[PDB]
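With the hints as extra help, turn the sequences into a complete structure.
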Amino acid sequence: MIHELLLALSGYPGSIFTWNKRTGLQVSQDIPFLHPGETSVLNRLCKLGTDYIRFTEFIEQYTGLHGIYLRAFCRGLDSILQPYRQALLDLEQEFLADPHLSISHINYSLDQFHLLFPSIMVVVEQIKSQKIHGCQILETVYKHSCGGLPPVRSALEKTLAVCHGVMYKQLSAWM
Amino acid sequence: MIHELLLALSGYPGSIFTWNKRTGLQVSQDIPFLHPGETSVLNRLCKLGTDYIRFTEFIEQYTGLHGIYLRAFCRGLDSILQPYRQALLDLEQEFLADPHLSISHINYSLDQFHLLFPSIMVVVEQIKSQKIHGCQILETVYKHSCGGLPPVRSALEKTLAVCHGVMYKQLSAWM
Amino acid sequence: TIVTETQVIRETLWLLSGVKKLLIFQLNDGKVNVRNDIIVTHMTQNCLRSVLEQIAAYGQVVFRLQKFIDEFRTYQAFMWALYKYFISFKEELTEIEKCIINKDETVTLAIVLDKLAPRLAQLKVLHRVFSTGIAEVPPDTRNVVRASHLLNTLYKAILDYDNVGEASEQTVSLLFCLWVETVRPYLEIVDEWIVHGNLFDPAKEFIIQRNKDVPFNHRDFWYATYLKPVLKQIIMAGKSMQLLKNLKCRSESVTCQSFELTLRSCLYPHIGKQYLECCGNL
Amino acid sequence: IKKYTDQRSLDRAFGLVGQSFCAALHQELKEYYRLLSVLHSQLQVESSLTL
Numbered sequence: 001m002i003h004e005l006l007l008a009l010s011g012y013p014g015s016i017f018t019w020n021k022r023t024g025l026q027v028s029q030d031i032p033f034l035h036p037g038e039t040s041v042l043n044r045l046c047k048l049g050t051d052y053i054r055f056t057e058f059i060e061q062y063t064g081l082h083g084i085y086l087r088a089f090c091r092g093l094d095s096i097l098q099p100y101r102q103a104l105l106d107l108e109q110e111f112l113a114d115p116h117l118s119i120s121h122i123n124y125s126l127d128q129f130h131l132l133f134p135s136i137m138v139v140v141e142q143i144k145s146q147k148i149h150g151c152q153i154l155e156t157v158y159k160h161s162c163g164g165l166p167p168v169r170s171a172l173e174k175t176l177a178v179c180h181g182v183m184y185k186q187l188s189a190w191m
Numbered sequence: 001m002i003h004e005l006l007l008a009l010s011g012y013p014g015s016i017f018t019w020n021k022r023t024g025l026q027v028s029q030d031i032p033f034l035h036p037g038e039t040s041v042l043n044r045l046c047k048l049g050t051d052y053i054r055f056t057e058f059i060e061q062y063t064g081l082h083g084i085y086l087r088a089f090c091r092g093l094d095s096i097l098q099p100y101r102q103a104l105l106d107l108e109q110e111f112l113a114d115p116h117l118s119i120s121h122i123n124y125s126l127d128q129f130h131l132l133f134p135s136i137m138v139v140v141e142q143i144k145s146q147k148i149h150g151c152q153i154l155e156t157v158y159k160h161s162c163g164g165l166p167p168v169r170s171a172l173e174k175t176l177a178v179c180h181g182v183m184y185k186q187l188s189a190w191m
Numbered sequence: 259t260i261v262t263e264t265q266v267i268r269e270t271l272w273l274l275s276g277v278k279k280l281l282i283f284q285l286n287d288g289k290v291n292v293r294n295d296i297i298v299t300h301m302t303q304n305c306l307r308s309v310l311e312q313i314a315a316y317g318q319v320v321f322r323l324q325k326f327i328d329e354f355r356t357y358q359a360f361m362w363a364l365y366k367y368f369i370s371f372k373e374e375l376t377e378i379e380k381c382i383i384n385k386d387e388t389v390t391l392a393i394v395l396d397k398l399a400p401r402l403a404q405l406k407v408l409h410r411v412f413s414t415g416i417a418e419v420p421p422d423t424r425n426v427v428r429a430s431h432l433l434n435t436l437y438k439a440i441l442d443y444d445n446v447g448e449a450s451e452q453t454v455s456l457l458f459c460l461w462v463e464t465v466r467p468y469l470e471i472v473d474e475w476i477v478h479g480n481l482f483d484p485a486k487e488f489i490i491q492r493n494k495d496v497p498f499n500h501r502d503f504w505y506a507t508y548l549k550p551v552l553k554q555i556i557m558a559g560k561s562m563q564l565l566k567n568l569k570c571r670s671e672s673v674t675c676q677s678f679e680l681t682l683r684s685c686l687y688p689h690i691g692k693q694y695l696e697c698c699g700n701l
Numbered sequence: 303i304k305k306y307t308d309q310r311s312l313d314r315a316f317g318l319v320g321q322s323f324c325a326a327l328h329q330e331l332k333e334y335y336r337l338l339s340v341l342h343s344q345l346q347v348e359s360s361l362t363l
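Those protein sequences? They're chains W, V, U and e, same order as listed. Taking the authors' numbering, I'd label the letters of the first sequence as residues 1 to 64, 81 to 191. Taking the authors' numbering, I'd label the letters of the second sequence as residues 1 to 64, 81 to 191. Taking the authors' numbering, I'd label the letters of the third sequence as residues 259 to 329, 354 to 508, 548 to 571, 670 to 701. Taking the authors' numbering, I'd label the letters of the fourth sequence as residues 303 to 348, 359 to 363.
For the record, the hints were derived by calculation from the structure and aren't laboratory data.
Okay, derived cross-link-like pairs now, SDA-like style, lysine to any residue, Cα gap no bigger than 20 Å in a straight line:
| no. | chain 1 | residue 1 | chain 2 | residue 2 |
| --- | --- | --- | --- | --- |
| 1 | U | 372 | V | 129 |
| 2 | V | 159 | U | 488 |
| 3 | e | 305 | W | 167 |
| 4 | W | 47 | W | 26 |
| 5 | U | 325 | V | 130 |
| 6 | e | 304 | e | 337 |
| 7 | U | 406 | U | 314 |
| 8 | U | 325 | V | 124 |
| 9 | U | 380 | V | 119 |
| 10 | U | 278 | V | 35 |
| 11 | U | 438 | U | 413 |
| 12 | U | 406 | W | 82 |
| 13 | U | 372 | V | 122 |
| 14 | U | 486 | U | 421 |
| 15 | U | 438 | W | 183 |
| 16 | U | 553 | U | 468 |
| 17 | U | 372 | V | 120 |
| 18 | W | 144 | W | 132 |
| 19 | U | 385 | V | 120 |
| 20 | U | 325 | U | 417 |
| 21 | U | 397 | U | 449 |
| 22 | U | 278 | V | 120 |
| 23 | U | 372 | V | 118 |
| 24 | U | 366 | V | 161 |
| 25 | V | 159 | U | 359 |
| 26 | U | 560 | U | 492 |
This is the structure in structure tokens:
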């Protein structure tokens, strides 16, 4: 069921995985052609698509509170979905070279995202629970990039570097 | 069916697209070798050939009411069919280099004409419903070239410029 | 049932050109959804059906942008900035269409999804400008306050998006495409208001709120709403040129930083070189 | 080795050396997985399947 799981990963609803929009989920497993083990991993695979649409609502609220650094933080977050979406199209040719490969390699690529996607979701939840506005998102992400997780500490430094460029804009025009 | 659609676009009748002359159309789709989606776009492609023969009747009435600016408006309108007919012959070599290409590129060229051809058809319909005669076509086209649509505002300025040349004739011979 | 796999994505790439169709139920502007069918119990179950629900929202904005097109110049040039940008969106559309008609194609559902992904971000910032643009059209008495607060939200959008980005100047120019063209008929009335002395303001809508009163002793009354000193230099000069027509006398983006207030502070001496030369003649 | 990388997660706590040690140990964990990628390609049809 190769195409059903890449597209449950993009965040769009179904009637096997019934989804209303952007916050709510019903699992609906009265399914005959998956096993009781194999629906447990689809719940493991949906938790990495749940935070991906908890992410686009953070985009459309700021792109398309307030502040000039909120959307400066948005072109930081598009770079963390960019190898994510680059990995979504490399799974596409995997399903065309042989359309009989089972789901465990797709599980394997998403155990790679398993420590990037919650570790940024705990960041935005700590962001929205202090009700931050202005430069102090940049200080919040600076003590978040104080943390380790070497793929993630570069990622919260890339989100740091783009809104430091908007800081870099300011004292350039002021002088 | 490459040649059938360029020539349904020139405005001449058929017995699949039965056409009497210059005003009336029957669609006649009991067709086996087109799909129910593909006859809907032939109705989208015929609506850009319907106004093209609503156009030659405006020629033959004036060329071949009355006034010296009615056919001054005619050599304005031949310039708007001239890249149209230039585009008709560039589709001809498209059907000779490979005669297997389907109809969507021909749909694509006619979505380019989709905002030139009604926007001049609403002009001539507003012309003939006021029963205009003389200089006041030139004032009607001047508040029509008051509009935007940057390809079309140059086109109603080219139809403005040619009958302003007949105005330019008059005060040259009068002086 | 079985619908055509890797060809329904070429048939949504179809829809995105010719926007009203039958494979996709975009019946209205508010609701654009796709239903193909559930496909079979091997070979791409539901992932491909999840991807079609994504692109349903991406054909939704282009149906909204075309519905904005109908057949002041400021409202028309803001409409033609939408349409002049479309041919840069329609050029790639024929590129991937040329790739899949040419065998072999070596593409699938997922390996095309990153090619239109830089365009995917460019079409969503198109949504934000026009959604924050029209919000008071079903309210009445729009005329000048709708023009003033949609220019304001255009200016609010260019402050939020250009000044935070600047890693790619290709979208920096794109938000300047929407600015320099809408301001140009808002300029060409000001040129007419000085060197010719008279201005054009329609009756159904209103613009910059300059209007000449009908008596001769009255000079000029500014409409009340119901750089700004440089606009007051336009007001006194166009008053003074209205007098004079009554008188019978005798490289890299990151070094260019940034971006629109520097060009505006170039336009104010361009206003200035006429405001400074009119008062010499007065 | 996998539970060592689960205990690895810090901001960067009590040492800049400690998890960079484990950054190389994830590289040596990574080398074990490529040697598992040759094994499964033996299993399906596309040698002997003996122990």
